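Enquirer: Sequences and hints are given; from them, build the entire structure.
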Amino acid sequence: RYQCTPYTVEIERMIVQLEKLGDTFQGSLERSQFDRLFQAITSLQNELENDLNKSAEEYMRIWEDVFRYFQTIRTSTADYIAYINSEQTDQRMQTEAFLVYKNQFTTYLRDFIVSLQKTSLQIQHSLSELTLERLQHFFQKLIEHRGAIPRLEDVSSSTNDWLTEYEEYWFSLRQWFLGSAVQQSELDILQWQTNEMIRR
Amino acid sequence: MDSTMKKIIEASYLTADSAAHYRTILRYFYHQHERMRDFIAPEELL
Amino acid sequence: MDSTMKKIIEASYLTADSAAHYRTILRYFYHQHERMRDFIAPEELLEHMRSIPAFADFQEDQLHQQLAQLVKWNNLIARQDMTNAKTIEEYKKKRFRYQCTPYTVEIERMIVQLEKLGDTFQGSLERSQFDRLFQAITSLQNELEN
Amino acid sequence: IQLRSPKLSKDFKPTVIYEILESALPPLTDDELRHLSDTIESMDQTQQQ
Amino acid sequence: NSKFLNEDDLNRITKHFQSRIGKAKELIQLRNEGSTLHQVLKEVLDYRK
Amino acid sequence: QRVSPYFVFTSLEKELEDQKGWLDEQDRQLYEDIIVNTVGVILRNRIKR
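Chains as they are written, first to last, in PDB author numbering: chain S, 97 to 296; chain E, 1 to 46; chain F, 1 to 146; chain L, 197 to 245; chain X, 1177 to 1225; chain R, 1079 to 1127.
It is worth saying that the hints were derived from the structure and are not from the lab. Wrong hints could be hidden among the right ones.
[Claimed, not checked] Chain S stretches covered by chain F per the calculated footprint, using a threshold of three residues with CB under 8 Å from any CB of chain F: (1) 143 to 150; (2) 186 to 196; (3) 231 to 241; (4) 282 to 289.
Where is the CB? At the ideal position from N, CA and C, for every residue including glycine.
Expert: Quick look at the structure:
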């Protein structure tokens, strides 16, 4: 009597995801990505205001929500930017495919970019407000709950490794949205590329 | 190790000459997985 | 025709005899896609393949053969450069710049999930699934009283 | 150069200073206006065509 | 303050920019000198003034 | 080319039909707003500095 390996389960799941789509770029937008992410960061700011009194799992949940949303948005922007910069958009543009690309591109622009821009101001402001030192006691609470999860996984690394990993992920988010004094935010890179493709 | 060096057998399923019978087979297996059924008889599968 | 039963040749790379080359190449393409990069140089791919010890002796004619096979396998895209010639040879050679089909993007995305895992059932779990569903449902209920 | 220019030694009331200060502030580099202006000019040209 | 910012204020700021771009086009029409839209923009948006 | 008026009229009909499908005012406004919005943020940065 037979059953399928998780290999097969995941493979078939992704296969189904692909089967849904019309060929070109038939993905969808859940415009509220940035609203939900911002709400999670607002929760983080309120936690910092709470002065470390709350329980570890609250901090862990807010962390995971923030990073789920950030991961989703990074996936979305990767799809978007690849769609924009595609050689089809560039020089196969001579045919009517320019107009089809135009329709999908304007849909994505409107929804994704409008919500993105509206959120990004308060986003970057909060991220600037989310300094490492403040996030460090938050990371201590995250350590509290991480130890609350005695994982068999490679999380067996020390507490300070967990602190450093949280810290590096936080810099990742800070660069992708707020950027840095040394470099423009990756969000700004996406913005510039979108502007230039609009101009083209 | 990074697995890219070794070529994966799950592809053999997806790109065999009987990949039609295959695709249908584990598509049905996935559907049963969605039904949370267990230990499917090969004869029921037939 | 229901697309649920035909031969998915996009996956042919995973069991080609050069599946090491193909998989490493497509992994690199996925990473560059992650790096927000575009218009990839096959010569850069030869460079980085050779930088990997497994393909130090990488043949670039075989590289371009593999690239054409992948594109033919609905796994990559490319187009000749129109402007950027510095040596007359570049002006001659129609040097193409490449990308990965969304097929490939999603395929490798799923693959990564499995790469994370030891064999048996290494999947994780975030216990607060139920309460979050409940919170959204409570939001719905509060809406119906409005 | 303005600091050195001799109008300082000669003219004595504030409104010169206000113009000098206003000129000291750094303006809009051509790139930032360039993207917007190019797009708007192209769009209006398309409309006219 | 960004902290004090909200979607309504964002819309208001965008409206202000919209009014300015309309003003830019009207200025193009009044300045029949044929100066490019880039110049009219660089004048309307120069904040130091 | 030198073509008869029937051909030119037909050609202009087809062309105007095609050209009219390129753009729409709503998309013009959307594109203008999104670029103007990033420019507005840049202006904000300049004002803060």
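Enquirer: All hints are to be evaluated individually against the structure, with a verdict given for each.
Expert: Status of the hints after comparison with the structure:
1. Taking a C-beta to C-beta cut-off of 8 Å, the stretch 143 to 150 of chain S contributes 0 residues in contact with chain F, too few for the three needed, and the coverage statement is violated.
2. With 3 residues carrying a beta carbon less than 8 Å from a beta carbon of chain F, the stretch 186 to 196 of chain S meets the three-residue requirement, and the given coverage holds.
3. Residues of the stretch 231 to 241 of chain S with a Cβ under 8 Å from some Cβ of chain F number 0, which does not satisfy the need for three, so the listed coverage is violated.
4. Counting residues of the stretch 282 to 289 of chain S whose beta carbon lies closer than 8 Å to any beta carbon of chain F gives 3, which reaches the threshold of three, so the coverage claim holds.
Hint violations for this structure: numbers 1, 3, all remaining hints satisfied.
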